[PDB]
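In structure tokens, the next block holds one chain alone, the form deposited in one PDB entry.
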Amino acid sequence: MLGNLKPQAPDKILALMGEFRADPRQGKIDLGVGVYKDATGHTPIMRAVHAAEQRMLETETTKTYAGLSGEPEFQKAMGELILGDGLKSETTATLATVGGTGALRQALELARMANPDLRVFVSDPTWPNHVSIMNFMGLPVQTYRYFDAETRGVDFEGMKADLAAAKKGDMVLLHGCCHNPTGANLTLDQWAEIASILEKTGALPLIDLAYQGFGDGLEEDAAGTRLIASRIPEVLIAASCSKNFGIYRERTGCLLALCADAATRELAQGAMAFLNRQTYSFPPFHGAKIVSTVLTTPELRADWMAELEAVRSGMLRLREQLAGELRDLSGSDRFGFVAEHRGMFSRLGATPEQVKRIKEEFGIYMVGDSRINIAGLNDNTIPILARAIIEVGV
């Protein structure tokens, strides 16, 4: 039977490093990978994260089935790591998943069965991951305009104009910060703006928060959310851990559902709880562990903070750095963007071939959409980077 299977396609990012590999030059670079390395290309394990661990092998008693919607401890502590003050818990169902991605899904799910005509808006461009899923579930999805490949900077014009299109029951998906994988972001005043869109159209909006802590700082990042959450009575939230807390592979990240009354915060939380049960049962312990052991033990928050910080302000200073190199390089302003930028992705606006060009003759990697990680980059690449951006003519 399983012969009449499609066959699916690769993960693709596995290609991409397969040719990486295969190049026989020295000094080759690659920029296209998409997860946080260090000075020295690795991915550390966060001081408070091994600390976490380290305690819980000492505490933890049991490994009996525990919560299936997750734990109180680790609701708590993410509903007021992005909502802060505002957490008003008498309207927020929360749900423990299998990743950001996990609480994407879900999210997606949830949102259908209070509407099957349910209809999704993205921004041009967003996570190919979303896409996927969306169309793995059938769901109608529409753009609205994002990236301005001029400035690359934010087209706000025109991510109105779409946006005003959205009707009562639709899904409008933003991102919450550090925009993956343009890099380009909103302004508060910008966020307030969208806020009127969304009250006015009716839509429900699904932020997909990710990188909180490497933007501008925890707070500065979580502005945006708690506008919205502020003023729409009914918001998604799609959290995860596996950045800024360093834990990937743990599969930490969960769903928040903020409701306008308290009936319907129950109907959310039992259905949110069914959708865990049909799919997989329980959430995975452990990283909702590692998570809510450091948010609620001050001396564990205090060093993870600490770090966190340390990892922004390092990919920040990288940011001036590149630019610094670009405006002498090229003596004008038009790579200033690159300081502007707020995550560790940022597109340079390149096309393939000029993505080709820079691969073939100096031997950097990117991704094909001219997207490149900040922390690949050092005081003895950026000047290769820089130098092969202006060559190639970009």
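Residue numbers count along the first chain shown, from 1. Here, rigid core means the biggest group of C-alpha atoms that superpose within 1.5 Å across both forms. What changes on going to the form deposited in another entry:
Positional change of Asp11 between the two forms reaches 2 Å or more at the C-alpha, relative to the superposed core.
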Second form
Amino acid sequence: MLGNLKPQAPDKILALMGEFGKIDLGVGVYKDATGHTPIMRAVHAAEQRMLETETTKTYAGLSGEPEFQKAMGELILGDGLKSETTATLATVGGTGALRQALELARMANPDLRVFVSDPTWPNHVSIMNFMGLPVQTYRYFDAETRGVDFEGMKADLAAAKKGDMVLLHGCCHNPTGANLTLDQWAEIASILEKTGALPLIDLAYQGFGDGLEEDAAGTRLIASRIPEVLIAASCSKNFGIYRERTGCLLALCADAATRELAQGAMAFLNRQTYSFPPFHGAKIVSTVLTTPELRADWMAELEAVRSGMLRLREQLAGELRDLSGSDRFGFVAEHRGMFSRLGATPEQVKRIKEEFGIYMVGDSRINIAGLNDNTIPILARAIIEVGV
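For comparison with the form deposited in one PDB entry, produce the structure of the form deposited in another entry.
One chain, no partners, no other molecules: that is all that follows.
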């Protein structure tokens, strides 16, 4: 029977990591100057506290633990958290949150379509393909200016219908690094409420852009305008617990009744997929978020990380300017997040990794974190050498 299985296409980004003066600018993980993805101080302290206070490992909450649900809701929505109208589901990483979000939505609307940014995280489409959900794209990245083609985005978004789902990145857009301003967010909210489309927000880098609260400004604005909204959050990066697989799905509803419905469907969704959600990571997160001492140190380390990447961008951009006499590459310093799309065509991108030893994703997506004073000039020189 199993012989009937068809060979499935592998994950490109992961494959890139597989095929690796080597400079890795692939997989989206944070790395320090010494090419290491460390364990945050607070996270480590949390685990120690856990190893000491936990007396049992029996089954817990099907939708996650109340403390985790609360801490996460507050981190994302701040004071805009209306408990009586929000449903929370602890999931297996942000990816699990997205999948659970797509399933939940399809249950309420079998005829739903999903609008995704052009371009977007390849996994978004992959999952949607697997599920067989109709995917539509909205213009987002402006290939010339490397910014956002807002006019084009608004045009296509207006074409959405009631019941359609629009997938927006809360901040730090993967793979481009191009992000909307708060003003642009307000406009998008106008379009959404006029069309009756359900926004699905992918929040995976809250804290890597402009700051913890700042990176949630957009998500908070949509939540305040639109009555029903879905938020798929990931703790993989901002907490550095990638392998623990911890994130959550928040369902913002119009009333308590609907909320009781959503919470019921969300729980049922975990039950039929894997029963209970993984505990270890969620515990680290809530422990950190509820322990003032740990929260303060976590915010600080995350701040240090964010500030550092920001420096690297200004450094890489400057190196480029003083190597071209033109601020064409200036956008690198304007982009916010962990990634940034250079624009190098497929021809050039593979050529670079070949005759330079620097591995980046085919669409020219580079991981700023995987760069330092030593490699910056090399990358700058590289893209200058192979200008076309």
